[PDB]
Amino acid sequence: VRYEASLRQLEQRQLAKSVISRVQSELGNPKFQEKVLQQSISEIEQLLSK
Amino acid sequence: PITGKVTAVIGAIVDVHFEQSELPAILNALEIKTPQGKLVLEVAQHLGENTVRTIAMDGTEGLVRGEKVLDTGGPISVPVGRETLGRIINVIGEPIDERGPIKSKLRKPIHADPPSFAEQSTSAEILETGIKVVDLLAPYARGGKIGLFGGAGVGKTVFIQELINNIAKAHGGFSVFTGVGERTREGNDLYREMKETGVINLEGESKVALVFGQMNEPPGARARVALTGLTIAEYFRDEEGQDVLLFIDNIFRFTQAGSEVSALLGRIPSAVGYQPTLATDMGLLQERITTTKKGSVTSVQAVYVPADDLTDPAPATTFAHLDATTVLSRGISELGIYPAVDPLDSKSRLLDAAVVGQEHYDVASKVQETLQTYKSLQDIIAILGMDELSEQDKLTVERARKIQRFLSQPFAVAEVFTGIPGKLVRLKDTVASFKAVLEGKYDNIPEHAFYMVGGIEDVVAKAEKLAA
Amino acid sequence: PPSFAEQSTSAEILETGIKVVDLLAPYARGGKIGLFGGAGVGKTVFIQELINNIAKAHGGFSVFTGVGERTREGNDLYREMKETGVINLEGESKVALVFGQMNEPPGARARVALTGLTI
Amino acid sequence: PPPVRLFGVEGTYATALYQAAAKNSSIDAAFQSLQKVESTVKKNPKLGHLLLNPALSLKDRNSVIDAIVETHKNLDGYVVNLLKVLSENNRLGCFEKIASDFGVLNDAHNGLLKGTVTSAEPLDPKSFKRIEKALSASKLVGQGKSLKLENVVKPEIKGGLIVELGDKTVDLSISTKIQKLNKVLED
Amino acid sequence: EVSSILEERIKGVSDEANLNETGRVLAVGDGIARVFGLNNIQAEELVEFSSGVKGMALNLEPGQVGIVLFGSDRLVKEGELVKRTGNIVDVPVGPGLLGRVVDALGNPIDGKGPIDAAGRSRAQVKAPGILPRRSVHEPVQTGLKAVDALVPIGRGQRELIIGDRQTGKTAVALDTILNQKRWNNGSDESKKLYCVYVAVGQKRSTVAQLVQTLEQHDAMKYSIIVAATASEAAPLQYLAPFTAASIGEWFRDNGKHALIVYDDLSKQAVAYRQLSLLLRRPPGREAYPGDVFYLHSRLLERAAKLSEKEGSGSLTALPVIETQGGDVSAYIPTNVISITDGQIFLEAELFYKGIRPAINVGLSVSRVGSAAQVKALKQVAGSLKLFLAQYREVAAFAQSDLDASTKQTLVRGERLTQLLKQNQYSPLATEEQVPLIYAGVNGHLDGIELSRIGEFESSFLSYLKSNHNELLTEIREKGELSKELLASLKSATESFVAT
Amino acid sequence: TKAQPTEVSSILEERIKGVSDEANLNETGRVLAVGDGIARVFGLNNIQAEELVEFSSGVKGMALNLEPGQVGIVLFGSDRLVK
Amino acid sequence: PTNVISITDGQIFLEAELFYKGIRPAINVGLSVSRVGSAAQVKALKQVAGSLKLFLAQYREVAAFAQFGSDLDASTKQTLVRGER
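Chains as they are written, first to last, in full-length UniProt numbering: chain V, 193 to 242; chain W, 41 to 508; chain F, 154 to 272; chain G, 24 to 210; chain C, 44 to 442, 445 to 544; chain D, 38 to 120; chain E, 376 to 460.
To be clear, the hints were calculated from the coordinates, so they are not data collected in a lab.
It is possible that part of the hints are untrue.
To be verified - Below, computed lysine-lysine pairings styled on PhoX-like, alpha-carbon distance capped at 20 Å:
{"hint": "1", "chain 1": "G", "residue 1": "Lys96", "chain 2": "V", "residue 2": "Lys227"}
{"hint": "2", "chain 1": "W", "residue 1": "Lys502", "chain 2": "W", "residue 2": "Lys434"}
{"hint": "3", "chain 1": "V", "residue 1": "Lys227", "chain 2": "G", "residue 2": "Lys46"}
{"hint": "4", "chain 1": "C", "residue 1": "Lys120", "chain 2": "V", "residue 2": "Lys227"}
{"hint": "5", "chain 1": "G", "residue 1": "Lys200", "chain 2": "C", "residue 2": "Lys126"}
{"hint": "6", "chain 1": "G", "residue 1": "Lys96", "chain 2": "G", "residue 2": "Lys107"}
{"hint": "7", "chain 1": "G", "residue 1": "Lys177", "chain 2": "C", "residue 2": "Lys120"}
Stated by the list, open to error - Over the 10 Å line for every Cβ pair with chain F, so calculated as not near, a few chain C residues:
{"hint": "8", "residue": "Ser248"}
{"hint": "9", "residue": "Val250"}
{"hint": "10", "residue": "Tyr434"}
Heads up, the beta-carbon is just placed ideally off N, CA and C, and yes, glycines get one too.
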């Protein structure tokens, strides 16, 4: 039981550092450019709901 | 409608800016109507430009700066009447007895000023009591303040209970037990006991009215409970002519509560971390407690040592006002004496020959000397030997021990506790009894006949019953 | 500082090789031993003995940090541990030194402790 | 009461003078003319650099009146009294401060508002207009109140956007979302 | 695995909306950020920074609203968006915290994920009224014979455990919890005291020891450890018993009983001091704030045995106060002593002299009395109090060649003194407290030499189980020692003592 | 900056309009922030030191601190009365 | 003094009572320390004053009980007599 839990914690931290790798990848891409437009339109829909 | 929007809430000191025209006077009471409860703020400054600095009675949590306030226009005004007797009332003047809206008749502002020099009685009179020990060695003065000493539960509750019963008999009075720095757990016990002891009867009549000011309640409401109670008392005194007796719990927490409020208000605390305006707060309170021609509010107040430092300014300030001190001792209660009062520490400032009676004084002095010598004698009576010391020395011990037993009064409130029927023995009858004991015309009467008796007449009987 | 879940707590037993210390208050590895004492009651000396015995004895490293201690004491300590060979200026040392002195403004005296901690 | 309480530290007394300019209501136009006086102070700054220099007493107040003689009279008698007051309180370092604050009060009375949409990078002009429009089509600009939306560049404020106006924002940046994602995948 | 599910869950959070109020830090120094904005903020409201740090807003001032951070300044800097949560400080409450170690915020530091919390209730809520309380009538047993008899403890009650620093201060408290494991197992839910240990300024290592001990005695499964650790911020430390108390109210109000052990309010006091000074709020006596009294009284008025209209339930509390060389004259001790009813004054000389538990019962008192004492145990412990009192008084008559009478007292006392020893982390059932005390009371241990006292206890108990564990059960269920039980017991004690 | 009638926005506002004390308030005062048993009065420039002043509230006070632009009277009288 | 005491390598405490006692100057060496010690002390002088310290240390304790005026055990009075001299 102890090892099962430890293995789960280890898996979670493995996927944590792989998540960091995806963060570094997204912030270079001109997905960085294209998602600003997306946030602009998302904010348009949101603020119109006011 | 005097209204203002809250413009600060720094701590419980809430600055309210009122629409320009309305000039609040100091000591006004503001009510911010809140969804959960009401909030009572007491204007303790004019900060100028239609702004105030106030103190709070209730917690200021979740307050939003700009909430509309309504200014009542003066101090909180609490209902008064015999209607309000037997009701537990919070500082605001609203039921916390949960017996629904207290029947209001007239309401009166909680702040009031000490009666004038003219209204003060030029001669101090003595309040009769039913406790013999009280009536000799610290006879209550009408109007006066009697500062309780001793610890919690040394018999304190039972002592207080006896007094409520006695005041009603003695005069016809009423009382208001105001508890400052009151533990609500202890408060429950007091209320249930008082109901039981019939000084409160929710169905019947209630002499005592209760005002409880818990320690969890803010320091501002701790400070203002006393003023509120005094206003109620004054309706009895002035406007029902009654001689009443107003108990207070800890005056330690009067000081503590006042200290916090001052420091928050920015008024620099004086030494030993106490309020700068310490004296005046006792002055107003303890000169509002006085004998007017109409009536007299006598107050028995409870003094809890700050750290055993009587040298502290706050105990000293209290002691200046006091006319008597009653010094309970659990050691004394352990010698089976109910009352538990330590006679050698039972003292009053009025005990003088003129004031208490020439006979009463002479009797008192002798009774004090007798006991004093007995205590000292009992020291060496024990060490050297009873018969290894004079016939005279053991005579004093015997005479004293007959007085000691004679002190024991199985009084009415504690009738349940002692078993033996209540003994209510008046001041006049007390003097008479001690005269006979002093003249030792009853040194042929057993010590355990003088045990648990009323007056002199009564212990003739008890001697008989032991024999018969 | 490591969180509650990062804690892994058990106590191993250090042996100081000083009989009084071992019997009447054994030291523990992972512990927070505290040398309450007066001025120069061999306060330095006690530490020097601990380094001499325990540090060589154990394979682990140590970090000796002196927070606001004298440059006379400093010169002696450096020389002294060069002599005991616990510090060798060619070849390894099972200790590190971070010598912080009292003349340095109090701000530096505060974070010399933090410096040592990080090592 | 002046539109919007500044809190008014020093300059707030001059904001109350702006309330008096609404009271003697030509002082509202006096806030435009006092903006012209601030423009005179904007021509001033060689002398304004000397004006931050302390110690001009009654002679300092007279020297300020000499600058006022170079002026045409923007802000009128209230402005002259403010020149005396500021002279009396002796401070040029809260001279322009009062100007900025009076400007805020003035444009509050006008009803102009100032928003900003700080982002990592500059945004389209099409975007600028569309958000100004949106704000008008929201209660935020109820319409009856103007807006000067300024996009600011601050790459430190990471990807996405943050819109700000009033005490109301929408922050759809990257950093906050990444933070939340991380936290839960460390849980 | 769990991760695929977790990422999907996070993905399912993506809704966003216009933030009603925001602030931007004007200046941050000394953990007293002064924030510009937050115009309509509620007082003491929970506020979330861009750093995500939490604070409450003690000072609402017109120009600036001075938030107090519950965390580090390292990650906080000027002009920082401070979203306005719009929720006054509240902590999750529910039966989920049972057997769960959470930090103060209510986050699991045992990482057992989301708390089963059926409400989040504000940290501070006012104490139950006069009529919402009724008198105590429910004993609580610590499994320590002296404490249960000499200092009888009930439920509702507040009593100090005031004594010298880390003399296993926590150990004395922990023993009660372990005996309470026995009662907890019991289906009567008034005997299900859901214990709460409030670790205030206690290092994570110290709490680690506690946690493992709790796991070992299987006490984790009703335990709650609100954790404000030594490193954790003084605002968290300050609000930590208050926050904890609200959890306690949930049990109490639900009619359940529970025990909350505040350890140690002395360091709680220091944290409030630190805070107050940092808010530049004046010092007071013994350089402690003056409204420290007010603070403590508020906390302690949440331990209460509630009236039956308000449900039978209660919260019982046992604050732990750490004495600076036994100085109970100190301002924080004096105040608490008055507020609470009872004190237990652990006597350090006795501790040093190896008596564990170390208590002087000359300086321990309980004013919740024998309505918090088992009737059986009352009968056989009036004597016990008196005998030990005599043993103490007649101690100095041994420190001289003196009368046989004194020597008789001394023997009777010494055996009793030895009997009330008990190696820590061994609790005891009341049905086995009573026999041991009966024997001692009857002075049947006088003959038994000191070395054989220890041996006698367990042997007598096992003897009682072999001969008549019916008697033990009968004692338990009657709750009163019948003439028949004292009869059988007198015979039985004699027979065991004889061997 | 420090409390001065220029900080006091209403006093200041009258000045910035043009109108001032105009000697009326060099011999009479008007009360401002009153409470904590001190009052802060504006004007009274012809006040003698340790003069008796009478507040229009039937309260008299002794001038204590003669400060630039303000006088801080100390009240021979109760706070409730004065406003 | 506290700040300085920490800084310095020694304290040379003097006692006023001992000044009146007739040591003039009077040095109370109970609170006087020199952490640097006898490496700065002449070898000869280290030898001679070697047990000077021991005798004095014994004398201090012995003297303290000794003021009572009782006829103490001789071993303690060997100390007492030596110490006085």
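Going down the list of hints, with the structure as the test:
1. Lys96(G) with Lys227(V): Answer violated: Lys96(G) to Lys227(V) is near 53 Å, above 20 Å.
2. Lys502(W) with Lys434(W): 24 Å, violated
3. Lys227(V) with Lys46(G): 51 Å, violated
4. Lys120(C) with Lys227(V): Outside the cut-off at roughly 28 Å; violated.
5. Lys200(G) with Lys126(C): The given pair, whose Cα atoms are some 15 Å apart, holds under the 20 Å limit.
6. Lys96(G) with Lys107(G): Given pair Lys96(G), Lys107(G) holds - Cα atoms ~14 Å apart, limit 20 Å.
7. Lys177(G) with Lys120(C): 16 Å, holds
8. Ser248: At about 5 Å from chain F, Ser248(C) fails to clear the 10 Å cut-off, so the statement is violated.
9. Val250: 7 Å, violated
10. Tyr434: About 31 Å separates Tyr434(C) from the closest Cβ of chain F, which puts it past 10 Å; holds.
Hints 1, 2, 3, 4, 8, 9, counting from the list given before, are not met by this structure.
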